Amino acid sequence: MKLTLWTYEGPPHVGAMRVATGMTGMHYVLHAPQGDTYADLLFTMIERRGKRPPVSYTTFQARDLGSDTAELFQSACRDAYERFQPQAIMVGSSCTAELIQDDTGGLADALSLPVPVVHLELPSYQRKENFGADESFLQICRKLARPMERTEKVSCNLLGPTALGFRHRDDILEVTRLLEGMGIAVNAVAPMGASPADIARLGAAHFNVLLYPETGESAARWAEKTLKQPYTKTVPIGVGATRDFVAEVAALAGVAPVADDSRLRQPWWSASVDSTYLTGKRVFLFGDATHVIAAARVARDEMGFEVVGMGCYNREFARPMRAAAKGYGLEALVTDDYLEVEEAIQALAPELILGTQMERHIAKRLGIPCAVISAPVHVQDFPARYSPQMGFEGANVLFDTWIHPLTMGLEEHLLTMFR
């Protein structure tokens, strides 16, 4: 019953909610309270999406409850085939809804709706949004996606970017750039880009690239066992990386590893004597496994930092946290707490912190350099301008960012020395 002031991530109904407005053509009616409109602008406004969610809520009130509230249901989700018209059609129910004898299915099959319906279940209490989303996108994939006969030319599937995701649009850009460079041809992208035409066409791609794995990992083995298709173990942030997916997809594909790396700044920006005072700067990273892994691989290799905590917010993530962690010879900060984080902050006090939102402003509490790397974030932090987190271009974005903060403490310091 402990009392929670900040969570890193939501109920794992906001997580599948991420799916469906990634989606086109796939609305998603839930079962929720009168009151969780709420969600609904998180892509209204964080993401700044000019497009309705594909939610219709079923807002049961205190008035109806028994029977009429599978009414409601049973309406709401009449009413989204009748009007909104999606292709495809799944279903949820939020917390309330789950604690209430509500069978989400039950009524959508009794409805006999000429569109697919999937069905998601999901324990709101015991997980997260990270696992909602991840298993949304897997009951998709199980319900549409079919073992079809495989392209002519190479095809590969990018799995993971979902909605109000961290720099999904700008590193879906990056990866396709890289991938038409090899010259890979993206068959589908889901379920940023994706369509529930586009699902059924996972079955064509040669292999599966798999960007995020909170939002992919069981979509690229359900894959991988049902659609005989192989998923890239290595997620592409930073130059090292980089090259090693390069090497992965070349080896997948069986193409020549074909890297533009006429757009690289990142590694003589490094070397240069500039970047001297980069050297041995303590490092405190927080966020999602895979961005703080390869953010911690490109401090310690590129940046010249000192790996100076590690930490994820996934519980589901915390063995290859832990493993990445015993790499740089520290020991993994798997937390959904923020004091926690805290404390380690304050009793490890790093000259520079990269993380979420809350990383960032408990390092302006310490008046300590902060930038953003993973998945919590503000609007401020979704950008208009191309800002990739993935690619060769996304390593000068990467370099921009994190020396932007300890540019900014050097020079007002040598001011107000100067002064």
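Numbering follows the first chain given and starts at 1. Between two forms, the rigid core is defined as the largest C-alpha subset superposing within 1.5 Å. First, how it differs from the form deposited in another entry.
- After superposing the rigid core, the Cα of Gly25 is displaced by less than 2 Å between the two forms.
Next up, the form deposited in another entry, please; the one we just looked at was the form deposited in one PDB entry.
Here we give the lone chain, stripped of any partners or molecules.
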């Protein structure tokens, strides 16, 4: 019952709806008490979609208690089916729905609508948004995707990009570009931009690209176990990891590692005269486990500034962060409390802190440059532009996104306290 004035990742049902509103034709009837529909504002207002995040709640009131709320769930699911006519229904609950023991599974199962019914019964008081997205997408593949004949050409189903997420829309494009230029065909792009037919089509490939381990690691492991497609381990975040991913998938597909390097400017933009003052800066790296794990590699090898302190609120991906820290001889902060990041960066006062938006505002309070490289963000961090983070353009975006806090701080200081 601690005074958590800021949760790092929202309720896992929000993450579940990130998978939901990603796929066309997939409807997430939710047994959310009226008001839990703010998450609709999340999806139409943070990520700004021109369509009701098709998550048809029930919004039961005090008048709708007992079995009345279950009757409302039945009604809402039926109205969704006869209103939008989804190709696969997708059901789940909220925190208060768990508190009612609302059982969104059996109800919509007994509704007996012909389209597939998937359940999303995920803990909400123990988990957070990213687990909700990952588990929901894994269950989606588990129900729909089946082992079928591989594509005549090599195919590379992308795994992990959910709809609401820090730059998923653009890394899906970047990795599609990499795979198509190298010689592999993007059979599907689940769960963002996909559909139940695409989930079924996931089986026709030769390897299952793991873009976002946080939101798709379960899916990739299940695919390699069942679809017989070795998931790619290294994510394309950073030039070193981009080359690792390129070589890895060129080995899985047995194709020449063609990777257009006319776009990559991060190694030159950093390994130069100006970006030499980077070398020695004592950076601190908090945030989303995978992004910050590969951010450590970029920062040390390809950027220069020395790493002091790198935690991550993601607990299920703790060990890879501990390993990335111990590679440089560092520790891992694996709690989910903002005050801990606060006193961590007081004790280890950095110049460039890479982390979430809450890290950005923490640094705004103290007055040190801060970047956004991780999940919990605002409308600003969801861009309309091409802002990827996986691939060679992903490495370029990483370079610029990290250097902009440094330029911001430098201009702010020197302006009017050196002149």
